[PDB]
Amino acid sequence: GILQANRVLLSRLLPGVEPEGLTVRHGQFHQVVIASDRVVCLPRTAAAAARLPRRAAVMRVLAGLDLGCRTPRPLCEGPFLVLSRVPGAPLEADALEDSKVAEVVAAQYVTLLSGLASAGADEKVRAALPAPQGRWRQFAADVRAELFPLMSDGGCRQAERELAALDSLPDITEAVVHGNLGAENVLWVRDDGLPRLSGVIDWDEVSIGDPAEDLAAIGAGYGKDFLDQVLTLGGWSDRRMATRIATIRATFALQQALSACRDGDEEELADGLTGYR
């Protein structure tokens, strides 16, 4: 096992903590040992192990930004990286039925997103963070090579429309983009008056990019009414932005499928390809 195997390390990083009481989450690049107030990231390959010093720099940079909330702060690196655990829990889509909850939750997303946008200009950031060229064309090529063979003729025609539209996108690199800003990744303090944003986790996909990507993720998680509220509060409701959001949002099923295809995750692959086959 992973706990028994890394027990010497865990005894140094978590003195007196029984390793069999911990839990391990099985990432792509990393096993993540979860303690009460922190996690230990261990690379699953020599590729990940080589990348971990950069990941630690990235997390240190995010820890320095003004985002209106917490992020996993680097506590120790050695190969391993220890990050603080952000407290709180995801906010259930149903909570947004109360219009006063929706109002304060929308406002706090605007603060988060504004903070990420502003950070996009910073130097610490632009040089620590990934800024790939043509991520969406690379994606289009990956989909055609890897997913089209699994799709129906009608599926391939729908997908080829969605991919064609990715050419409409300007390769915009103005904001820090979380890249996977679903509901599960945004943590809240609940049951102490209206919900207050604790922080944001799962920064694995973080880059310099287009903030439409993060807005699309919010809409995917909470629906169009709520996204519309965020866009209006934040002054982001022009047509140019709406088009970028829709275009990117259209790729989310295919992103799920492409990941699931590479991961040998048959449940996610099936779910991802629903209506493409």
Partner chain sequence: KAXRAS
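Rigid core (definition): largest C-alpha set, two forms, superposition within 1.5 Å. Positions refer to the first chain, counted from 1. First, how it differs from the form solved without the partner chain.
The smaller of the two rigid parts, set against the larger, turns by 14° between the two forms.
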Contents of the next structure:
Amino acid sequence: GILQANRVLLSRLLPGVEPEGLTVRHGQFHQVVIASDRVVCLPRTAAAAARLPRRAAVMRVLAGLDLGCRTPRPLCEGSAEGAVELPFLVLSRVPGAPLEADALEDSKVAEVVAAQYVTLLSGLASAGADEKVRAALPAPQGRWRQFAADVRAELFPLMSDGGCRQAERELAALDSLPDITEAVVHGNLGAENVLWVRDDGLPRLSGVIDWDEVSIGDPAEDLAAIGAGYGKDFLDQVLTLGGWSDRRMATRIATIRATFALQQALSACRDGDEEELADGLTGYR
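For comparison with the form solved in complex with the partner chain, kindly provide the form solved without the partner chain.
Here you get just the chain by itself.
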């Protein structure tokens, strides 16, 4: 296993910590070892290792943004960004737990949760128009067109005929999407990546984790994730509070939201997370 394989390095990074007591999250390029107060990114390949210098820069940039909440802060020295490759990257662990959809049935919880989503997304949006932000973050062109290709190549073989027909309709709409490169976009802003304080009172946003797919892009991508997780009414509340309820935006969200389970399945496929692949392919096989 990954803990066993990297036991020597982990003993140095986490002195006195028993390897078996730790946990692992699967990424496309990195395996993420989760300790009590910090996480250790271990590159799966040498190409993944060559990515880590850039990742350290990106996480430092995110750590400087005004989002109203925490992000995983790089615990390397600044010079690690100038390396050709790193054998690891350590980040601070964001405290808190996901919010279950249940909590939103209370309309005061819903308001306060929505407002904090708006602070986060407004900060990401404004940060998108900043050249030092734009310089450190990727900004792929025709990502939608290309995502559709990846789905047809990588996921259709795992689907039923009916599934492929369902997915085809969803993917086809994507070619209508404008290529928006305005905001910092998390790219995977499902409920498990948004952490709230385990404290008395109403939910308070602790921070956001798993920035693997972060880019300069379309804010509708993150709003789509929220809609997929929490449904139309909560989304509409976020859009209203944030000033984003125009029909152009609403339409892009709709289009992207219909692909969001496929985005999850594509991720699970590439990082070998079996259960999340099964979840993602629910109703496509």
